[PDB]
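Peer 1: Work out the full structure: start from the sequences and follow the hints.
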Amino acid sequence: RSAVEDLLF
Amino acid sequence: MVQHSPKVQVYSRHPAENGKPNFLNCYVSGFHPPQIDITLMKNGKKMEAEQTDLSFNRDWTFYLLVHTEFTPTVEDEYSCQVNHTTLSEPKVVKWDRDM
Amino acid sequence: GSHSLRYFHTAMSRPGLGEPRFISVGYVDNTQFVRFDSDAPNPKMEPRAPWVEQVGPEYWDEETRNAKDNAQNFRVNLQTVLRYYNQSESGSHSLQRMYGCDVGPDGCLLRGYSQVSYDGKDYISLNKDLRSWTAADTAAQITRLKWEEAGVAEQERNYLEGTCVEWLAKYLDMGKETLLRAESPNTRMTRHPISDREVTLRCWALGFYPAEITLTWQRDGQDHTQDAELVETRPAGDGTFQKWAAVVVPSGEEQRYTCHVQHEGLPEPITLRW
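Residue numbers (our numbering), protein chains in the order written: chain A, 338 to 346; chain B, 12 to 110; chain C, 3 to 276.
Each statement offered as a hint is correct.
Capping the alpha-carbon separation at 25 Å, the derived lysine-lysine pairs in BS3-like fashion look like this:
#: 1; chain 1: B; residue 1: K105; chain 2: B; residue 2: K53
#: 2; chain 1: B; residue 1: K18; chain 2: C; residue 2: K245
#: 3; chain 1: B; residue 1: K102; chain 2: B; residue 2: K18
#: 4; chain 1: B; residue 1: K18; chain 2: B; residue 2: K57
#: 5; chain 1: B; residue 1: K56; chain 2: B; residue 2: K102
#: 6; chain 1: B; residue 1: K105; chain 2: C; residue 2: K245
#: 7; chain 1: C; residue 1: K148; chain 2: C; residue 2: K123
#: 8; chain 1: C; residue 1: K46; chain 2: C; residue 2: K70
#: 9; chain 1: C; residue 1: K245; chain 2: B; residue 2: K31
#: 10; chain 1: C; residue 1: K148; chain 2: C; residue 2: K130
#: 11; chain 1: C; residue 1: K245; chain 2: B; residue 2: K102
#: 12; chain 1: B; residue 1: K102; chain 2: B; residue 2: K53
#: 13; chain 1: C; residue 1: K172; chain 2: C; residue 2: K46
#: 14; chain 1: C; residue 1: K123; chain 2: B; residue 2: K18
Quick caveat, the hints were computed from the structure, so don't treat them as lab data.
Peer 2: Written out as structure tokens, the structure is:
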């Protein structure tokens, strides 16, 4: 499964 | 930026029994930026072919496999032509069936 | 043995014409099983190994609503970075992300990963404690502070210690017989004269999986891998790999040389002499 990410730089 | 040039190998899936069906493989890798142009050549002509998905190595240099079914004869030539910014010309490599 | 589940995002700003392309890609060990692409027609996460297909339709729905969300963030990210550096919109730039987890033979979690690169250089990365980050430069230091305040490492850590490990088990289950089976290499040595006093002695290993292999030469005993040609290990197209390793040698001398292959799927090392 993929990772649920709110990766905002 | 920091740019690495594309390294290309062109090879038969199975060793080249002359005549029989095989698979022609262009493996290009170790390049950055990702934007790259890759076509397999039938004596000098673009063969339709599939291309793998954009994946990369841990040093972030990308790799791709463009490959289509082919059947080796004795007298026609196959080759990969690749295009990419680090290269002044399109680099082109023909297929030595001993490699 | 040990195994890894890793995902590879690539975000590609094409400056002139069109929003950036977002290509994620999924691997269990050396075996791709998943792919997404942002400029498709109604783009969707798709299978790319057979064994994953008997997984809930729940799954692929949730995975596209994820892949899409990431494409959004990484388009803003690609812009966010460009302005951090004050780079011209004239330029094409790329962000890459890699995360994943290595698991040990019992299930011991060996390593977790989450690394970002901008234009192929390291940007920020999650440390081995899974709790701090390394910022390569000053632009990265703003991303770091942002992520420390948002607690990003803590949600990464839980993904890597939980979902990743748990789902790598599910994957290796679906694909036993595929994933947990090592294919011995087909080994041959060929010989190609060049001069009348020098030949090339290629040593091939074909059709092996996983790509982990080592080929080495030996002149009467003495390891002669020194300026033997080793080529990068390539895919065969059927999910197995190849690699060869030639030495140049004078005529009549072939009878003294020697090649050796070791690979997981081999019981004891293969040894090749002309």
